[PDB]
Amino acid sequence: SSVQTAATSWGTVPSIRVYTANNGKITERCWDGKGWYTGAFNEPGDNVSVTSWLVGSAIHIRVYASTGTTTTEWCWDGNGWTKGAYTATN
Amino acid sequence: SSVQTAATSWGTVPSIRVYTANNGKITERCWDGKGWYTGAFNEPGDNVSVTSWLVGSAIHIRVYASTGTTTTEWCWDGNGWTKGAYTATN
Amino acid sequence: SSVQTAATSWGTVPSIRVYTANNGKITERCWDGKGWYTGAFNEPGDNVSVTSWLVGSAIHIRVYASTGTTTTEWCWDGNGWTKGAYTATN
Ligand SMILES: OC[C@@]1(O)OC[C@@H](O)[C@@H](O)[C@@H]1O
Ligand SMILES: OC[C@@]1(O)OC[C@@H](O)[C@@H](O)[C@@H]1O
Ligand SMILES: OC[C@@]1(O)OC[C@@H](O)[C@@H](O)[C@@H]1O
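Going down the list, the sequences are from chains A, A' and A''. A prime marks a further copy of an entry chain. Mapping of the first sequence onto PDB author numbering: position 77 corresponds to residue 77, and the numbering continues sequentially without gaps. Mapping of the second sequence onto PDB author numbering: position 21 corresponds to residue 21, and the numbering continues sequentially without gaps. Mapping of the third sequence onto PDB author numbering: position 77 corresponds to residue 77, and the numbering continues sequentially without gaps.
Simulated from the structure, these hints should not be mistaken for laboratory data. Among the hints, a few may not be true.
Any copy, or any two copies together, can satisfy a pair, since identical chains are not distinguished.
As the list claims (entries may be wrong) - In silico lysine to any residue, SDA-like type, Cα no more than 20 Å apart, as pairs:
# : residue 1 : residue 2
1 : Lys-83    : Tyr-37
2 : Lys-25    : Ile-59
3 : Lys-25    : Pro-14
4 : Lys-83    : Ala-40
5 : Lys-34    : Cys-75
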């Protein structure tokens, strides 16, 4: 068994976020051009995917964390992570 | 065992598509700014990845669905899903 | 058990890169508008994710290859793949 990752990036420098699912926990490593550091995202999950988009200079991130058949969406919109409206009927 | 997801997004609103592989079947949930709904994509696969690109206002999506060592590419180019030219020698 | 893929794309044609983890090995298939071909990326790993960004017309790619709890970052910046600075404490 190996960890499972998901990655997103924005800008030209760039900024990168790498999410790793490891033993049921998803953590985040961050690059903003001057070294990797540990991000504020730490949530349960066995599987992770991510997407992001810019609006001007403002980044928006969506992380999809799944355990069993339940997927939880986590949202970054400039001022902290929040749970999103995503639902699915798996 | 957990489901496995892949996500893409475009624009600023934005639009988001989340693909979930669950028990050998890949389905699609969609956001266009006003609620999540079930998309037209429903194909067999144990693993999924996705990428997309805009040409002006027109979205193009590629979904890579894998079962065993066989990966099938599915294409959205504005008027329905079609099988793509992707091949690999896995 | 199925192979596991990750995909990225850039431009409008577009260019696409699809990475496949298969039996501990990650390989790359490439589209630049006129057929799929095998890319120069061939590295060990049981899991793969990818992100990319344009700077003008220059593509930059980051591939995250994981075996066990160890993730290795591979970088394309226009002139060959190189190992990146990414670390994590998994
Ligand atoms: O500046 C770092 C940070 O705020 O960037 C946005 C998100 O990736 C956060 O989890 C992360 O801590
Ligand atoms: O408007 C929704 C839709 O047409 O958007 C493009 C694709 O994601 C389709 O599967 C989906 O049904
Ligand atoms: O032109 C093809 C190529 O150079 O494109 C950039 C990377 O995807 C490489 O592995 C690949 O061989």
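Each hint, compared with the structure:
{"no.": "1", "hint": "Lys-83 x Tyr-37", "in the structure": "between (23 Å within a copy, 18 Å between copies)"}
{"no.": "2", "hint": "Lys-25 x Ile-59", "in the structure": "neither (24 Å within a copy, 32 Å between copies)"}
{"no.": "3", "hint": "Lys-25 x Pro-14", "in the structure": "neither (26 Å within a copy, 28 Å between copies)"}
{"no.": "4", "hint": "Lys-83 x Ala-40", "in the structure": "within (14 Å within a copy, 26 Å between copies)"}
{"no.": "5", "hint": "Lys-34 x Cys-75", "in the structure": "between (25 Å within a copy, 16 Å between copies)"}
Checked against the numbered hints above, the structure breaks hints 2 and 3 and satisfies the rest.
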